[PDB]
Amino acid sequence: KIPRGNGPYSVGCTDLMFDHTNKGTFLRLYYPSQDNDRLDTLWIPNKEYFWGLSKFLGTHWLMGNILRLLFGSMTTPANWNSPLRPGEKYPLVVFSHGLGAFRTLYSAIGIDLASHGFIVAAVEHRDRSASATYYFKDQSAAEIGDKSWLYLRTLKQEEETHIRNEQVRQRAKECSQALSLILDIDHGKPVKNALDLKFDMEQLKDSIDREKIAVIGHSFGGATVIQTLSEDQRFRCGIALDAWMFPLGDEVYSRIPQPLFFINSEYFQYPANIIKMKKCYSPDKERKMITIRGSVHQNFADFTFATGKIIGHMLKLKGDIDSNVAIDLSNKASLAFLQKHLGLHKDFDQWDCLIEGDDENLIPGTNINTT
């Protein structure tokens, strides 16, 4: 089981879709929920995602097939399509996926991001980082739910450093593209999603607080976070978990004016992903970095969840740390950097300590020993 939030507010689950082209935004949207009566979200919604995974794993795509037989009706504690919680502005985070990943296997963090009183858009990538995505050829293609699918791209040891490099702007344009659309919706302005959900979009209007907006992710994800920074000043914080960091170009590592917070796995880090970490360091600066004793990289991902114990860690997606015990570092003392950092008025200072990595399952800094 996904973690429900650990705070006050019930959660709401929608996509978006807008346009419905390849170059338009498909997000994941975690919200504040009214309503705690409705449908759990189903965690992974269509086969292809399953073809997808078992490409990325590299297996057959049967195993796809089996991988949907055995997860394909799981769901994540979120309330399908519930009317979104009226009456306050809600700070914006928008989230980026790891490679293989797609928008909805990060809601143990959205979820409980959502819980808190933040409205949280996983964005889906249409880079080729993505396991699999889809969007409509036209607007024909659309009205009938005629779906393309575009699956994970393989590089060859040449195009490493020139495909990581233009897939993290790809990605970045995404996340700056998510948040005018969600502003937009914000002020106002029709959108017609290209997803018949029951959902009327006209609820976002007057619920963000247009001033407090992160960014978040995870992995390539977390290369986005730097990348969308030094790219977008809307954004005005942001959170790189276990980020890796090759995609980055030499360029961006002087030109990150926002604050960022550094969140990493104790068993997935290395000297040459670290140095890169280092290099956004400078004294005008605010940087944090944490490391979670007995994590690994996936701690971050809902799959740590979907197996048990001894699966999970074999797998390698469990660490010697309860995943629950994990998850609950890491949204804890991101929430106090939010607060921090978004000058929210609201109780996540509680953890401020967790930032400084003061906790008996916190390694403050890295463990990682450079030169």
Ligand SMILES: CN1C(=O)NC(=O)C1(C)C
The other form holds:
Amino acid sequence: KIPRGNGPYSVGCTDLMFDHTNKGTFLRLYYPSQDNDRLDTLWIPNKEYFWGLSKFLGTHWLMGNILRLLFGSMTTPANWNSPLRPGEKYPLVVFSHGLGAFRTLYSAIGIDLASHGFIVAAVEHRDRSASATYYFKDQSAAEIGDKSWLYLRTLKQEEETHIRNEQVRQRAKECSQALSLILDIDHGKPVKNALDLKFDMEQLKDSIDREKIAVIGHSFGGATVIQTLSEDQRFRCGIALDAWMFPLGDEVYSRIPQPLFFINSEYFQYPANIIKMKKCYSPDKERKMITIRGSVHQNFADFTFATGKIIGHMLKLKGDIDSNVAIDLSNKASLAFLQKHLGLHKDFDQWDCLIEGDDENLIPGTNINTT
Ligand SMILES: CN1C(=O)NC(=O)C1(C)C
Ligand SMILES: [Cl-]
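Same protein, different state: after the form deposited without the named molecule, show the form solved in complex with the named molecule.
Complete assembly follows, chain above in first position.
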């Protein structure tokens, strides 16, 4: 089981695609809901995502069919298409997924934020970094629901530098476009969802706290955080969850005026990557870094909850730390940071000490020596 949110609000979930093209926005929205009797949200909603996971693993296509049998009926605790909780302006997080992931795989984070009164737009990237994604060739294809699938691109060593940088830049543009879409829906613009779903987007009119915007993301998504901040000053702060820094161009490092929080796993990080994080540091800039003891790269993603403790540890989905323990630390330290740099009037400052890594399961800064 993916955990329920720790906050006071019930959580809804829906999907939005606008426009219907490979250049439009695709996101999964998590939001405070008025109702708690809706069916739970299906975690991985299409067979092609399992085919794509199979390619990311470097296994045969039919392993996809096996992952689908294991995981294809699994839900996540958000009320599917529930009405939005009325009568409150909510801050907004745009969330960026890792390499091989897609929009639905960070629901433990998305639900937890939504239960505390955030609207969360988990983007699906069309840069071929997702295991799989889809869109429609034209208006006719959208109407009849004829999906076109786009699968993970494998790179040669020669393509690594250049293409990862092309992708992080597309990802940042995708974060900015998703923000503009939600802000336009907030400011009442009629948008016909390319997905025929029983959630009226009109509910979202006047529901966004328009200056209370943050960008969060994991791994490739954590580089997307940094690129997005350097390019779009509508985002007021960012949180990079175990950022993979390789995609960034040399130019971005000196160009991030916004507060930025690095939340790291113990076992992922390495000197080349830490040195790049430290290049984001300047005396005028607000920077924080914590490391979760006993944690692995995948502790930030939902697959840390999808298997048993022992198989989990073998597959590197789980660390020595308990997964609910680890994600609670990451989500609570995130909430305190967002409260600080978005100027929220909530009780999230109860977790201020976690930003400083002052907890038995936290390391202040990094365990990585860079000498
Ligand atoms: C770059 N990556 C990412 O974004 N997620 C992952 O698991 C790896 C490390 C492949
Ligand atoms: Cl790891």
